[PDB]
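S.K.: Working from the sequences, and respecting the hints, build out all of it.
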Amino acid sequence: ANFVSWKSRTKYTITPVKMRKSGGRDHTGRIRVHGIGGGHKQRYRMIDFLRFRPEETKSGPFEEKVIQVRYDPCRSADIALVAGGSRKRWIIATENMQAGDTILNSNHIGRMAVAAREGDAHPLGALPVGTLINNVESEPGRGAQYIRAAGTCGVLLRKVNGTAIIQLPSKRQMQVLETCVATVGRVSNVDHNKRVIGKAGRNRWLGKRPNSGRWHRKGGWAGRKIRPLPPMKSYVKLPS
Amino acid sequence: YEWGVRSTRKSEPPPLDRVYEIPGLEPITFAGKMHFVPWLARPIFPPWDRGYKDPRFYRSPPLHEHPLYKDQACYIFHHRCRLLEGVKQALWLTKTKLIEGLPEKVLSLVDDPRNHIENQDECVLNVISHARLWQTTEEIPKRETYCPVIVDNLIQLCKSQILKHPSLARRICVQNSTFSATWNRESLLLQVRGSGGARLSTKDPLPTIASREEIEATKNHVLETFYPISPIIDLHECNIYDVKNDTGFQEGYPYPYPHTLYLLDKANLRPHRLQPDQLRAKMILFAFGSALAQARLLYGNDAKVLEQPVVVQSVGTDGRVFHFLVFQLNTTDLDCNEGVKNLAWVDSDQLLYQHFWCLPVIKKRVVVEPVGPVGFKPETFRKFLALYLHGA
Amino acid sequence: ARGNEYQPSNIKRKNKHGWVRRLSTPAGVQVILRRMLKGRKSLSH
Amino acid sequence: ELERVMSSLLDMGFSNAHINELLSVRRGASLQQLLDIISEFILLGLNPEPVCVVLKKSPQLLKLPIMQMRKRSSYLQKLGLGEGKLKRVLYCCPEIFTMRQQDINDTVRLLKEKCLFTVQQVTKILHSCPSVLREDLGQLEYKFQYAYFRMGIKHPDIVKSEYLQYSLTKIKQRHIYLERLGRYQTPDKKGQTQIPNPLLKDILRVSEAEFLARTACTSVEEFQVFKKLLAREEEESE
RNA sequence: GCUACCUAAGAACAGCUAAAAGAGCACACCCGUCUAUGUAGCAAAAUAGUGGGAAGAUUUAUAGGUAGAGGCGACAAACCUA
RNA sequence: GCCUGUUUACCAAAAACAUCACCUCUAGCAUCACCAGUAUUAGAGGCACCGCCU
RNA sequence: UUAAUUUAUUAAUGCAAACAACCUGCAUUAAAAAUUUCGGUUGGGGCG
Ligand SMILES: [Mg+2]
Ligand SMILES: [Mg+2]
Ligand SMILES: [Mg+2]
Ligand SMILES: [Mg+2]
Ligand SMILES: [Mg+2]
Ligand SMILES: [Mg+2]
Ligand SMILES: [Mg+2]
Ligand SMILES: [Mg+2]
Ligand SMILES: [Mg+2]
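Residue numbers (PDB author numbering), protein chains in the order written: chain D, 61 to 300; chain 5, 31 to 422; chain 2, 48 to 92; chain G, 91 to 328.
Possibly wrong hints are sitting among the right ones.
[Said to hold, decoys possible] Facing chain 5, from chain D, some residues (calculated, C-beta under 10 Å):
no.: 1; residue: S65
no.: 2; residue: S68
no.: 3; residue: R69
no.: 4; residue: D108
no.: 5; residue: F122
no.: 6; residue: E123
no.: 7; residue: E124
no.: 8; residue: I127
no.: 9; residue: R130
no.: 10; residue: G145
no.: 11; residue: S146
no.: 12; residue: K148
no.: 13; residue: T162
no.: 14; residue: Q205
no.: 15; residue: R208
no.: 16; residue: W265
Simulated from the structure, these hints should not be mistaken for laboratory data. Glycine included, each C-beta is placed from N, C-alpha and C at the ideal position.
M.R.: Following this line, the structure appears as structure tokens:
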């Protein structure tokens, strides 16, 4: 197929980008993921997941003003247009982020624990143990990848040496260098669980389509079965 | 995270043939064949020179080599720039103090009923109805059509006062005029390249509104600042620019003095339309730019407090909502935040009419709202007429 | 109900069976070569 | 330096008594290695005094390469053995950090693929009885299939009552005795039995006395004779 | 170029009732419940009446994509040029 | 059978399929699907809206 | 499908090979498959 990814834009921008739906299809044109197709046309707002991104020819901790908090069609979380210095960027909004609020993005690992105010980003080394966090990086400067969905919140479980133990929302422990940045608080749109789809049409609007033949293997779906050993073959299906 | 996936990035050229790595021998390529063959070496073609020269096949040089390129980056405000902080940002950029409401000097010009137009409300209602309903064979005219129409018809209605005011003969509304003004603000050099439209030029400069005492009183006022938003935000940071002050006209032009800048936000789509605050900011910046170009043309290119302040008006409208501005530039010493400050009187969100019903709404076969404007406000047209009559 | 499976459109015809698409693959080139060998008046569509 | 190590151990929750105990425990182990090992152990969620007890019991852990120690700790965290879970594991079988990654992985893969145990069930089994890791493959599969097919037990019950902890010899000795006595019946194709079978706690958890008095209702002499007979039967079969 | 699903960018949806609805009645439009006709027929699946939906998980034009043990499938082994 | 929908083009429109709702299982993660997403997420399977008594 | 035959291919491991990644060869276990078959007598079928 003549499929070229829509994710071709190279320069970050605030303008929503026209994104092409896939239908669950590979670049080969064959269905790779079932149950995807249609839905409301959407525009993609490029999220800057690296909260500590000091502006060009600038460095050090910087503050930013929350211009607005907006619904994002491409996420469970709602996003925040936030402006600092002479630039604007989209970030993931925390639970109580409001328009006009101020946000701190620092790389400073203070000797003492920094007062953790919801919404600001500090290196994990600077946070008190037991603080709720989100938008957690795996490596310093990689960019947030974990705890990004609406209402999610990891816990800074431990800090020893230069390594911090985080409890991901799946209640799995993760080891990250304490120099990696995370933002304080739980992600916004905390009521995303309680939303009721109500009707099949709403899922169709969200772009989920009812799809069958999801396995493509001979015989379709087949649950795993325990293959009895030769000694145990005599007891597999004992008649009544 | 890097933007732009590999599959969309330009493909890496195929590796060079190993024959090119062997020093002593000349590879045999398909260059002589004048066409590709897969079993011969790929030629290394020298770059082609005569290409990016033809006018229809031209490549501009890199920005570094352009004549007006400058290492110091100017911040330009053009017609399609939307200030984040709006009026506050414009006030900081222009070193201006805001005053709510139009000045009494201009507001009094319409208090007496002699200046009131005969059949004023009837004519204004006809203008609104023509712009919004009767303009075209189409049932509902779009904003791109009814904003310029409403502005031009209101201007004609005001110009009809030439009977009472013969001084109105010494003015003309020019279109597509473009001005440019540069000035410094705390080592930041800002330019305004105002294009807009409908510059009302007069043969005589407008009288100053603020007295010497008020201009000096502006010293105490502190210029409001916003943090962490820099005042530069949403201004085009450009290294290619011209620091010349252009008033938009050749020397010797009759009607040299700007009187009113009519800015109209006629975009059909709300996202393409300025917010009211951003429109007021654009009005402030364009009035300041025209006033500054006039000041640099008259009293030379010297930063100083103006002995004779330059007054420029502006009306910024979306077709329904109007904003009126009188800007007094009384200082070309903009770099410092201290001293006498320019001052702008702004009247905001003066809506000519609340809503217009192009179709008669019918509920249960009963006409509820008749066709036409609802909530028409003659006061806004009074203010418009006052601004037009100022200086006459 | 059936029989009208052909809903003509010259864009689809040329894009599906045209000379350029035939030459775009080695298999289609062999299609054209077979038609030339047979002596077809119309090599492609 | 010893200064840095002492400051770190003053941090991390360790008291001076345990710090001195561990310093004495050092069998030519560099202070840097000891600090790294203790740091990894408390990263795994283990408290300072269980860390001290474990290092006392098995000083060999301090000899582990830090790369291997970190890899094993990450693997255990992925397997879910962490915080208070790792404590009883490091007591019952402290050699998990010394076992081969391949051995642990193949035990887990046998439990999941060839035995159809959920991830949570695998974590519960490892937490309850780490002797499964010591137990060789093949034998473990035979034990599980004995529970599943011949005994008619399901995964939730096999996990609830730590069937995999008990020895295969004991399991067969009791189950075959019950079956030949007729007090235990393999569930049919429908999964039903004429009489409800005794519970696995009543079969394996209890001692021989109550096992023969309440579940089997037979005599200890008869049970001993049956055990010897079953040993002969197994030897002849194999 | 049928059909199934998808992609891009379009278009259509009277009137009444109701009021922001996978709402009601009912045109266009889509479908195909029942009956009759037809059965080499007008038709290799139609006609007439009746009936279901008809602002939506709708219908639909255009261009593109997925290819045979493969595709596609709100699974009927349905559909992929009778 | 929860509902509106879908299906055997051409003998079956249904109680069948789907469906909101719920449950189970799997997955700690970047530059071609999932997804420019990150466990309130994604994928798969089951069941049947809902509500009550145990 | 607990019919027979395979595991070429993938996925895991192991051992060699190249000095961790990656890759080659040889094994073992799986997944996915592939190929192939359906003796005779007894109204038929079950159990024979
Ligand atoms: Mg068609
Ligand atoms: Mg309608
Ligand atoms: Mg309806
Ligand atoms: Mg369908
Ligand atoms: Mg079926
Ligand atoms: Mg139904
Ligand atoms: Mg229905
Ligand atoms: Mg049919
Ligand atoms: Mg039918």
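S.K.: Each hint: holds or not?
M.R.: Cross-check of the supplied hints:
1. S65: Holds, about 5 Å.
2. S68: holds (4 Å)
3. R69: Since chain 5 brings a Cβ to about 6 Å from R69 (chain D), closer than 10 Å, the hint holds.
4. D108: holds (8 Å)
5. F122: holds (7 Å)
6. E123: holds (4 Å)
7. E124: Because about 6 Å separates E124 (chain D) from the closest Cβ in chain 5, which is inside the 10 Å limit, the hint holds.
8. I127: holds (7 Å)
9. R130: With Cβ-Cβ at 13 Å, over 10 Å, it is violated.
10. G145: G145 (chain D) check passes; min Cβ-Cβ to chain 5 is 5 Å, inside 10 Å.
11. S146: holds (5 Å)
12. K148: holds (7 Å)
13. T162: At about 7 Å, which falls below the 10 Å cut-off, the nearest Cβ of chain 5 leaves the hint on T162 (chain D) intact, so it holds.
14. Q205: holds (9 Å)
15. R208: Status violated, d = 12 Å.
16. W265: Violated. Min distance 22 Å.
When each numbered hint is compared with the structure, violations occur for hints 9, 15 and 16.
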